[PDB]
Amino acid sequence: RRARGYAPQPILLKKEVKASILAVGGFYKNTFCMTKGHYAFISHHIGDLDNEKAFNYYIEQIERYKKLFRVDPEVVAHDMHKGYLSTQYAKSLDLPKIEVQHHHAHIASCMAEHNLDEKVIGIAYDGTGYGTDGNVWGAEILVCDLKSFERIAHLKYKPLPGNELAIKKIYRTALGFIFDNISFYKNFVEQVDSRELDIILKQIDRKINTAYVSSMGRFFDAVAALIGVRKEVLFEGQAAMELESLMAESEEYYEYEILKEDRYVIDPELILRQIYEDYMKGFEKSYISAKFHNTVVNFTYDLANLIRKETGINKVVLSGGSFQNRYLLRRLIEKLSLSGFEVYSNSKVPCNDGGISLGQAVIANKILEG
Amino acid sequence: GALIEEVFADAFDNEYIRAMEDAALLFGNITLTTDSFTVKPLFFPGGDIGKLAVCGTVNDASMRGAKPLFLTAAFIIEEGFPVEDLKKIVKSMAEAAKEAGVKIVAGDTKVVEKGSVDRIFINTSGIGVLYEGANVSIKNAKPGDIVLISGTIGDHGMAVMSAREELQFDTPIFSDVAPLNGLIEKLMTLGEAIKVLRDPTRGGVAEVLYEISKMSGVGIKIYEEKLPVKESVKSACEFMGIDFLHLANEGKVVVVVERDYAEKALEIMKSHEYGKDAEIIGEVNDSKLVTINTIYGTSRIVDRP
Amino acid sequence: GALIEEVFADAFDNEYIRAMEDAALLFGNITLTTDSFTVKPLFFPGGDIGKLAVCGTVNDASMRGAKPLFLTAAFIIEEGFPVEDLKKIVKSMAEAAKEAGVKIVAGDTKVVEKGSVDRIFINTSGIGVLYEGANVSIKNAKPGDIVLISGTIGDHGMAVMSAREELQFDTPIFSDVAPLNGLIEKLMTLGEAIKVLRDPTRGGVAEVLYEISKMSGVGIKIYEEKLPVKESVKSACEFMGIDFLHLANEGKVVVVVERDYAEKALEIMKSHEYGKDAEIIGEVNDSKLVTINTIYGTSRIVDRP
Ligand SMILES: [Fe+3]
Ligand SMILES: [Mg+2]
Ligand SMILES: [Mg+2]
Numbered sequence: 382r383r384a385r386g387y388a389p390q391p392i393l394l395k396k397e398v399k400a401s402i403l404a405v406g407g408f409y410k411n412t413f414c415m416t417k418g419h420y421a422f423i424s425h426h427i428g429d430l431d432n433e434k435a436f437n438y439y440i441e442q443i444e445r446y447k448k449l450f451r452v453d454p455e456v457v458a459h460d461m462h463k464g465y466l467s468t469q470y471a472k473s474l475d476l477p478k479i480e481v482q483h484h485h486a487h488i489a490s491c492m493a494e495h496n497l498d499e500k501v502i503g504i505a506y507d508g509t510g511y512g513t514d515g516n517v518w519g520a521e522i523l524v525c526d527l528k529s530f531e532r533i534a535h536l537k538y539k540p541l542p543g544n545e546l547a548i549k550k551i552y553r554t555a556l557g558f559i560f561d562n563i564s565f566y567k568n569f570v571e572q573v574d575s576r577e578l579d580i581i582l583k584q585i586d587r588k589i590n591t592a593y594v595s596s597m598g599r600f601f602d603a604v605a606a607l608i609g610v611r612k613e614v615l616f617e618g619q620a621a622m623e624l625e626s627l628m629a630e631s632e633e634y635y636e637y638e639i640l641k642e643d644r645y646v647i648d649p650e651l652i653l654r655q656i657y658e659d660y661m662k663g664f665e666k667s668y669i670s671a672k673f674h675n676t677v678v679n680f681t682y683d684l685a686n687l688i689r690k691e692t693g694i695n696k697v698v699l700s701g702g703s704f705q706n707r708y709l710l711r712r713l714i715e716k717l718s719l720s721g722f723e724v725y726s727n728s729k730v731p732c733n734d735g736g737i738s739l740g741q742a743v744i745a746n747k748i749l750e751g
Numbered sequence: 038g039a040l041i042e043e044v045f046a047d048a049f050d051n052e053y054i055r056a057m058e059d060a061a062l063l064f065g066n067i068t069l070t071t072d073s074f075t076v077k078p079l080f081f082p083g084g085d086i087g088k089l090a091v092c093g094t095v096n097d098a099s100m101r102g103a104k105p106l107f108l109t110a111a112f113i114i115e116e117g118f119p120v121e122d123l124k125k126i127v128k129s130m131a132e133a134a135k136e137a138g139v140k141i142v143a144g145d146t147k148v149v150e151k152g153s154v155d156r157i158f159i160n161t162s163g164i165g166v167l168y169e170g171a172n173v174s175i176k177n178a179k180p181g182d183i184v185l186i187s188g189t190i191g192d193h194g195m196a197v198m199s200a201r202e203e204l205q206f207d208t209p210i211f212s213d214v215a216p217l218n219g220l221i222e223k224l225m226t227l228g229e230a231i232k233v234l235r236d237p238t239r240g241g242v243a244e245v246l247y248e249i250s251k252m253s254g255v256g257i258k259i260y261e262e263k264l265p266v267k268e269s270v271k272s273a274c275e276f277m278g279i280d281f282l283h284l285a286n287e288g289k290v291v292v293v294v295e296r297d298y299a300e301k302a303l304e305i306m307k308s309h310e311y312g313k314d315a316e317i318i319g320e321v322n323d324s325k326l327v328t329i330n331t332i333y334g335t336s337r338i339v340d341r342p
Numbered sequence: 038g039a040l041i042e043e044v045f046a047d048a049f050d051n052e053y054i055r056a057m058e059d060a061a062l063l064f065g066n067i068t069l070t071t072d073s074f075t076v077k078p079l080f081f082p083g084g085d086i087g088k089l090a091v092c093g094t095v096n097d098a099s100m101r102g103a104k105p106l107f108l109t110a111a112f113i114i115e116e117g118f119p120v121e122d123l124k125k126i127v128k129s130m131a132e133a134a135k136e137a138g139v140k141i142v143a144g145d146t147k148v149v150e151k152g153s154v155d156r157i158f159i160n161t162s163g164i165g166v167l168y169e170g171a172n173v174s175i176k177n178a179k180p181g182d183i184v185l186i187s188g189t190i191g192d193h194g195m196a197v198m199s200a201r202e203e204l205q206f207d208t209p210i211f212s213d214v215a216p217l218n219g220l221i222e223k224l225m226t227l228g229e230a231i232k233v234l235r236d237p238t239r240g241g242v243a244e245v246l247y248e249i250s251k252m253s254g255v256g257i258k259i260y261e262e263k264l265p266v267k268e269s270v271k272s273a274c275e276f277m278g279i280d281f282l283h284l285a286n287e288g289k290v291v292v293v294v295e296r297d298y299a300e301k302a303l304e305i306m307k308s309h310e311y312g313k314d315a316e317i318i319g320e321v322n323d324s325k326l327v328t329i330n331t332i333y334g335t336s337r338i339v340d341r342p
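These protein sequence lines map, in sequence, to chains B, D and C.
The authors' numbering puts the first residue of the first sequence at 382, with every later residue one more than the last.
The authors' numbering puts the first residue of the second sequence at 38, with every later residue one more than the last.
The authors' numbering puts the first residue of the third sequence at 38, with every later residue one more than the last.
If you are wondering where the hints come from, they were derived from the structure by calculation, not from laboratory data.
A virtual CB, placed ideally from N, CA and C, is assigned to each residue, including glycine.
It cannot be assumed that every hint is accurate.
Which stretches of chain D does chain B cover? Using the computed rule of at least three CB atoms under 8 Å from a CB of chain B, they are [unchecked claim]:
#, segment
1, 179 to 185
2, 199 to 213
3, 318 to 332
Please construct the entire structure, taking both the sequences and the accompanying hints into account.
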């Protein structure tokens, strides 16, 4: 969280700003960013933009940062998600608009930090972001520069029955992930209230309030639910952190499969089977967690190599809220580095949605000058 | 989805369209509205497409503070659609019109090839006569005005979804479909003090509040513990991750009134058969924001569907 | 066997419905109509579903001796219907309303699942205001009156037939889709001498004459040699053994007038862009029969579609 003692100090850019840009940020852990000269003026932490006091605070600070740095925006950059407050405020402004994909923004926020301006391998892992195909993204591998992106790899889409409800009641997230193979998870599904289950299975079947997700956050939630870490959370990512803490020291992993069609896809349910088999055998949560973390590290590593082979690209960007996971970041940087990759991640801004606006700014800037 | 109503706005750009009203106000005197009904199933707990076709239009024609009088009915029917099913739909229509004190004065009937329509679509248009001193519009709201709702929120949306997708709950949910012209008439005793009337149909109460917000240039704060909901709907939503504010209503009206007259407006709603559950749910502010206060005062912004 | 219109007439039974007019006359001076439009293909020589949806209702709203003013537009659209086709339809609607001097003031758009409707249907309703001494009704024909048609017979019917069924002809046939409120306005100069006005749509000229016969309680005699018809339509029908009297029109009106004013009515039409091919075609009989005379005086009954 970048705030007192760091802000309102800007991010230095190599090339000077073509035209003044206001990046509105996203939803969770919001910051905004104003460009002028060699500086991107990212705001201090504002918070989740979903309430009146947050929004007012957000407004006032945009105006305050304008006065303090003599910036006058010529174009707004917003997230593609149509439901963010940051997006609506960007809609209401009488300025031209540049929409930027969430995870593209993540990858670019790290690129800005290292003054990169070339096609790179962008690994963006988080909970949610609106994708260009209308579905929820969060487990993406992209080939992108600051101008556009190509989507090369993701996890197989799973239903998220009830949307925000499944993010609180993560056993619902587990249900969506295991949906088309229910009978295998008999012991877990039998402990779901019969009435609610029937509703959930119908929600999935008839697509009522159910988004299809490719998401590292949700993957972790499903593991946490299946292996009895937590049925319900009090905040998004609670199960994620707890799963990281209880983990034991191990090199073991699970068997995964990379299917190639239009793009590289991995079925998470195939990994959940083995996870559940381990849990039913009475294996320690700590051991399972360790193995699961290594599985993610290993399949991301293998995916990096394949993409490098077909494209020639040697630079890897690691961003998205998932990389707040210390093990996941450290281990992945090393595995990739020891294999010849030039690996970059966030340091001046967060890998979480706090970094979004910096990425939004530099993408919108490349768009304008290009 | 709603990229279509956009094309509608730009090519039929005039003074009436841009106002985005429940019904056009013509000759400074009569209202005009149309609406299509495509609901499945055709027959559901607490009503049918027939009752719905009449009630929805009767209601929209009333929404400028007007008495509905004359309707049209157009039918698009699939070849081989059971005539016995059609008699029943049409009977419900004639009974609804009878209740609302309204007549079907013109119509049309089209038969199309099998697989060209799914059973039957109905369109109804309606005209009504404005009351004396009635100035009701989606633009009329102002900071200080009070927001009220006619009754329980979400009944129809959940009822139809429950019947269609065969969703089993502890308590079955019945549609609220009803003609409100009568309640509107008794509400229009306070003419000029009544500022906005709108039925929270497709898009729910949330959308209505956002439509008042955009068009009056105001914000709206509502309060959770004041929102009237049927227990079975509260629960249905809790099981599905659904906000009851997003659900369709067909027997409710959202009303915006002058602070001083708010109390009297609630009382006359409570004395009518379709407003016994009515409540004061919030007020109009100058914040240009649509917010909800949960228990213990948390000012979350209301999510647009 | 669409005896759906019988079920309709039973349930919405009233003065307005029993009359079977092109439009209801309300308050004595305003008129109200509705029509659905389900034509395939959506784009055909000489027009499209959009131009049709406007013109047809503009026409229906004038048939009572009225200036049409306001229209509603309801769209029922299939999931994934190409948006560029929609922009073309809407544009055609805008252009027709502009030419007719009419405004679309209210509407609706509904999107249904893929396969729940073949591409797109449109419903339009219309409001018009009666001219000073207008008294036009299908009940107004008396024996001695003259029957006129505003132009050639069977254009639209044969045009969509040709396009829909891929029938190649020696001459391409174009639809006659047009708003006739301008032509009707010039006819309504004749006031009460104009007795009946109806556009021969579904069922063609034949059906109109029978409707005039039924409701006025009279007969009608028409003359083969006096019937206007484009050669392309004539031989297209002659090749398939069709009577152009049964094919639909969308830019024509059948007019009944007082005997002394028939010459004036013809010249009023002939001096209008949509009335160049107008002809006196027959006479209202004492007989309750619809008959056609060939060359030399060979009478036969007109068969019903
Ligand atoms: Fe994110
Ligand atoms: Mg309405
Ligand atoms: Mg007609």
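Quick rundown of the hints versus the structure:
{"no.": "1", "hint": "179 to 185", "result": "violated (count 0)"}
{"no.": "2", "hint": "199 to 213", "result": "holds (count 6)"}
{"no.": "3", "hint": "318 to 332", "result": "holds (count 3)"}
In terms of the numbered hints stated before, the structure departs from hint 1 and from no other.
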